[PDB]
Amino acid sequence: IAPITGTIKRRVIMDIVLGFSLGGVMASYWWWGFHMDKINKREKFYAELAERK
Amino acid sequence: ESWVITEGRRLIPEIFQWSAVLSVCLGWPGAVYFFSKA
Amino acid sequence: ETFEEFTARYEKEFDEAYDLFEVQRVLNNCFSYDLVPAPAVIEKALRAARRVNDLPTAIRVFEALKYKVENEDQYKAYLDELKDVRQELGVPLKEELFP
Amino acid sequence: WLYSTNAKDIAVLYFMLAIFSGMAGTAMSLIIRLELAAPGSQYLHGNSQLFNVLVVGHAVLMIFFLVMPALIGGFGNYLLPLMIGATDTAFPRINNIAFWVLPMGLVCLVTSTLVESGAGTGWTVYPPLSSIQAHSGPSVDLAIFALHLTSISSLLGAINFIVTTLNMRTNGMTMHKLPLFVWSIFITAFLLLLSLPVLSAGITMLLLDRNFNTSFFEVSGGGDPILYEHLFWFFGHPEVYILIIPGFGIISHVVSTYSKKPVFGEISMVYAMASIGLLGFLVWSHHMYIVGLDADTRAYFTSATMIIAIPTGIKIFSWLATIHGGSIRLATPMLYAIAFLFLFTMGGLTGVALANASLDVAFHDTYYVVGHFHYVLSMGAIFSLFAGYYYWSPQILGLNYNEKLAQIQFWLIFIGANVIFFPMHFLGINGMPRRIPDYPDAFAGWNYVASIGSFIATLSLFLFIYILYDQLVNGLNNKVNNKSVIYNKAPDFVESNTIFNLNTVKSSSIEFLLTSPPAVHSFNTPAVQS
Amino acid sequence: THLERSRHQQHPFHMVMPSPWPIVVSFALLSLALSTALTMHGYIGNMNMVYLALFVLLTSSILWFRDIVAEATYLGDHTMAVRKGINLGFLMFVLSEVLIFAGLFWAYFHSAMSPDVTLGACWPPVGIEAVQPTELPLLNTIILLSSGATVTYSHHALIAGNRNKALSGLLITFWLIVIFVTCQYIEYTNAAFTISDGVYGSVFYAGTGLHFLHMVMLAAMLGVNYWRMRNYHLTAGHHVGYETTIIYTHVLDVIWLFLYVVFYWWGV
Amino acid sequence: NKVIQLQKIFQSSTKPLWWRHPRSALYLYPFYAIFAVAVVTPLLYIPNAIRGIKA
Amino acid sequence: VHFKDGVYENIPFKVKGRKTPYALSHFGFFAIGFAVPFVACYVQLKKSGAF
Amino acid sequence: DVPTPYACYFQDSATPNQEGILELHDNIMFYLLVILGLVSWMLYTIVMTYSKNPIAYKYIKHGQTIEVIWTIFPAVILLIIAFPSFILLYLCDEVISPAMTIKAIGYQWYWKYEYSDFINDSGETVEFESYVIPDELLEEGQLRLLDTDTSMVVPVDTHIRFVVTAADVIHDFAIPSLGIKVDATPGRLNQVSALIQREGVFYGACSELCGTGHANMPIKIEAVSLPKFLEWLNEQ
Amino acid sequence: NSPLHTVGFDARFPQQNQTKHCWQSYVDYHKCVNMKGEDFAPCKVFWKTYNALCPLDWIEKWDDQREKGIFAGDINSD
Ligand code: HEA
Ligand code: HEA
Ligand SMILES: CCCCCCCCCCC(=O)OC[C@H](COP(=O)(O)OC[C@H](O)COP(=O)(O)OC[C@@H](COC(=O)CC)OC(=O)CCC)OC(=O)CCCCCCCC
Ligand code: CUA
Ligand SMILES: [Cu+2]
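Chains as they are written, first to last, in the entry's author numbering: chain i, 3 to 55; chain m, 26 to 63; chain f, 47 to 145; chain a, 5 to 534; chain c, 2 to 269; chain g, 3 to 57; chain h, 28 to 78; chain b, 16 to 251; chain j, 6 to 83.
It is possible that part of the hints are untrue.
Simulated coverage check for chain i against chain b, where a stretch passes if three residues somewhere in it have a Cβ under 8 Å from a Cβ of chain b [said to hold, decoys possible]:
no.	stretch
1	16-23
2	43-55
Computed list of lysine to any residue pairs in SDA-like fashion (alpha-carbon distance at most 20 Å, straight line) [claimed, not checked]:
no.	chain 1	residue 1	chain 2	residue 2
3	j	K36	c	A122
4	f	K114	f	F49
5	i	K40	b	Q212
6	g	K4	c	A122
7	i	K55	b	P242
8	i	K11	b	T64
9	f	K112	b	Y65
10	b	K67	f	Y113
None of these hints come from the bench; they were simulated from the model.
By construction, the Cβ of each residue, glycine as well, lies at the ideal position given by its N, Cα and C atoms.
Let the hints inform the model, and build the full structure from the sequences given.
Structure, rendered in structure tokens:
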């Protein structure tokens, strides 16, 4: 005997925040492995235009 | 003791399968470019 | 509202069941809540099936109890607790019947 | 029969025309996408006319002759009499002119192409492009009249729905307790009323500037063509919030029927559904960010059309709350209503990216817009039209539709139209302009990817004709064998099979308690509720 | 008893027989719109098919209306709710026809609120001379303020029960409106600027142009409100064909006063 | 005056309501004459309007 | 349709009891609706030189 | 610049006005992948894990403690994301201190620039059209419908200020590598101010429809150096 | 070094639509040549302005509407 309660409440908080943690591992790669990768090239080439003096 | 190992096993092959959906639902142009660059 | 007001309300409604319909429509919403029902109210869910002379609505109690138990460890301790009133009425379970 | 004033038999004529105008509205989009298969004019020989004619010939059959007469006419003239508790509509004699001007709205449009010029003006019929010095013949003369016949049918087709809901209910049906499909159209009827007379002046003034030379819009005379860009688009953004609010009514019934559960926050779903309709009025120049508005006027709209994403988030997260606990019965209306919840919302994220004035200046008239508005038209207003037909087809016709064959029509629509409209975001982020028969050679990449898919979706539509053939011929021999699904609500876990046939339909609406098909007088006594 | 109750209708709302004038008006709206776009581009030679299209349409309205008065006074499913159905179906309708003026008021605030370059820097521009509000346009406001004081002087008079004020009070209101057609015929015959007079010539014969195109149907609405009250059709406890005429004119005081303040007072 | 008189004729007439007026026989056959011409002659000029033959 | 709420009698079709098979009159309504732009691509090309 | 076959991103940023768009298109889509990451997850935990739930929890309707949470949640990202969207609007009308004025007028099938600033010693404007080269006159190696015959030269590191209008049908003026897009209204005119920061040719397109010849109107523009531009201006 | 020179901000017309900037500088130049003529150097700041930011067909138009007296703007200050 045990007054077990909260099977859906433990499957909403576990359910929401593991989508926010799944909304980060697709977005923090998109802003670092793609966006900062794209700003790496434009910071490089514009530094190879200021070299010409 | 219940929701520490039974809530896990329902969810370990789920995210192993859920990412396989988005790599086909959204990642499918990463194959037609790969197959025929010509 | 609470666990105890859940128990006292549905163990009361099983008494004025009087029919097969008002067992299954009340066994339904005694299982379709967020929480898990106590064995005090499910004892009147087998006595309600004995008052209406229908056995598979007493075998479907222990199958609705099996899916909505959320742990097998919390089921065998829950099964052995009900074995005092499950051997009088002779209610089998679906796995022992092998239908 | 032809001129019977029964509201049931008018809505079956509405639906008989919205597929005929559908198989014409998508045969034009077949030739449009066939021409974008390769650089150089392939099938059209060298003609850049009859491509701005076919684009306007296709985009107005889809908006005004498919999604308008089905979600408002084909369903609203069948369900709003039935679910509320009326016997038929409140004005049943003008209920017949609201259909029979629509084939006359077709003869005013198919003959607008067969004449010598061809209206190559685009769907947004702009004034100096459509002026008489530019377009000379009677082609655009009829294309601004077929848009007027539909403007006048769907105007009195919404006066028919404000004095049906407000007085012609049953006994206990108070104003807070209605089906959400009625609150879809009754909210829509307060947008059809308050945006179509704005349009009817914005077209007749263009008629006056073409054969009566009054110069409302003529540049020689000070008449702006930029007045048109805020007067047509004052109709235009409420118009695209009218193709989606009855789309928000069908989904709220399907997703809470095939899940055995009432909808989450019903009172929260009716206040965030007029707030879409009310605040949709106050945002109408987000289409025209680049046309030279002020630096604070664009600063207002870049904050004001993002607030349309406030009540739409309520109307989506509650559809992700009304199926969390409950069961899921994956039949065909549940498949459409669960892929509507993924492809319409991805057409919403592209909405708030376009919504900014600081970012529309690199996206206007590109193909990134056409990637955005097709995720919310062919995936938000066809995904709720297929989920409304399949949800009420055997209840209304009386015959079941070969459920094993309607699942393959869903997937060929899902993945066979996502292959078209997903690479459009890539051609537009480079900057391919719209309405062009040919393009630079670097845009031949995805335009062959999006060309292989228009044969996939229009092969599913050829299959959907056969489902309509299997439903009318031996559609009675479907529910006596194992072809279809009969009961859309399977019984509960502790509900015995022999007691289910006594209490079969546990609906929350009158629409299923009626017979299949419903009677010619399905209400000859005032029904009572609670 | 119940035997007569099984011989009658059990719901107050009206059921109509299948009439064919639904597809008659639809065929007229085809031959209106198709034929008005042909004679602008030839293919006929003469401009009388539009005159035909204004004749077959308007006789189709009265044959529609002859069946309605056959239901209004000769068959009669007009209960309290059905009386409230049309009385709200028309009060919500004129919200649409007061918003079409906002499709024409807003053009006047598009060429005068911000001055343009093709015209002058003043509104009304040079070469264009406007009529002051201290002239015959001020007769047009007082003749409707006198109309707004005689449409309610005969509104309650029909309910009052005497026919000396109810019948004669609507003939004096009908000729108060035909005389309003002729004073808006002076500025259509004596004013300097025309319909093709640029943007001031465009919107001035549009905002006041559509206000002239409603008196042809309002006087035609009095043309049956006097014929029916002489042929004893209308009653003093149930009148829909008389009530829609008063709300056609009691809102007309509001829109003409908003039309007079910006076209003439603010328009000089 | 004729409101009770027509009410005997309109109620229990067993006719279509647009044939239920006593002054309605002459209202239709000239009306069906102008209806039989106004829906063909705007459409018969359409093959004349396809070949450029205008007036 | 005024009366006879049967099974096939709320539709203005004639499904059963037709003299000709129904697939003639059903595909012949939806393929005719499919072949109307293919005559707008005919009389506007042949008029404008192309074929 | 030049579009790339099978590409999926912006053209290369050659303007700080264009460079601001790329840091706002990625600032927005970072907050769009959390929302797409939520919906794609919260729809797979329901179709898979709850299609095998035969007992429907049909007594959870209101939810007052989660009703108020997801109505401030679109009111907490939008209040954040608008502050990089307000800083781009009020800092892209910087026409304070310009250095050059060039024109661009489109007559429905071409453009017509004029360099009416009279820094050139001849004291006359240099007007020249911009026709696309047809396929019959196509020199082998030219980009089809993207390469005109008479191009346009602009200096680098200079505060230019366009004026864009037309005398006929509306059609806009779009170079995606510089972030310039204005309507060319017939009755009025519009300006943009785009400092170019690298030498190279940019190709663009005309976006808004004009008529039959909408595909036959490119906007070719190359950036040269300021002495190298002046050697072109003293010639023509 | 920096030989280029053009019209500055013109804060009374700070928006994107600079059409009244093209119109009024045509006005303020031709109102200067008839009234209060003592020099040309503060009078050519309105000449050097409207040569910029104005099309050539418009200046051909504004010099043709001025010639028949059909100039819609006030051209004669005197
Ligand atoms: C209701 C709106 C609607 C719908 C559904 C569609 C559907 C489609 N549209 Fe269209 N389209 C527009 C509205 C719509 N379109 C508009 C407004 C424009 C812009 C014009 C302009 O501004 O220039 C446009 C433009 C447009 C372009 C040109 C882009 C540009 O120049 O701007 C292209 C080309 O790819 C295109 C293709 C398609 C395709 C392949 C479909 C496919 O989805 C169609 C095939 C899929 C189906 C099989 C489903 C539909 C079929 C039915 C019959 C409906 C089913 C309903 C019932 C039978 C119950 N559309
Ligand atoms: C038919 C349906 C439809 C719908 C519903 C919408 C909805 C929206 N549309 Fe779209 N739109 C069109 C159809 C539609 N649109 C058409 C046909 C065009 C013009 C094409 C043409 O001219 O030819 C157009 C054009 C158009 C433009 C003009 C671009 C251009 O021409 O330059 C813009 C830009 O502002 C825009 C934005 C939006 C926005 C912000 C919404 C928003 O309502 C959507 C918001 C929804 C959500 C965001 C998703 C759900 C919510 C959440 C999960 C929670 C909240 C979200 C977050 C916090 C990020 N639309
Ligand atoms: C303008 C309007 C044009 C309209 C044209 C559209 C044409 C679409 C036609 C679709 C169709 O009719 O299919 C339905 C038909 C009946 O199915 P049912 O629902 O009664 O259940 C059957 C049972 O449950 C399982 O059937 P079973 O498994 O026993 O048969 C195997 C079947 C499955 O394979 C396929 O579906 C693809 C080949 O394979 C074959 O039969 C191959 C025989 C050559 O199933 C079939 O037998 C299809 C046979 C192939 C037909 C040609 C396919 C072309 C793509
Ligand atoms: Cu000029 Cu498109
Ligand atoms: Cu919009």
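Against the structure, the hints come out as follows:
no.: 1; hint: 16-23; verdict: holds (count 5)
no.: 2; hint: 43-55; verdict: holds (count 3)
no.: 3; hint: j:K36 - c:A122; verdict: 15 Å, holds
no.: 4; hint: f:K114 - f:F49; verdict: 16 Å, holds
no.: 5; hint: i:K40 - b:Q212; verdict: 18 Å, holds
no.: 6; hint: g:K4 - c:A122; verdict: 65 Å, violated
no.: 7; hint: i:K55 - b:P242; verdict: 16 Å, holds
no.: 8; hint: i:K11 - b:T64; verdict: 15 Å, holds
no.: 9; hint: f:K112 - b:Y65; verdict: 16 Å, holds
no.: 10; hint: b:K67 - f:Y113; verdict: 10 Å, holds
When the structure is compared with the earlier hints, a violation turns up for hint 6 alone.
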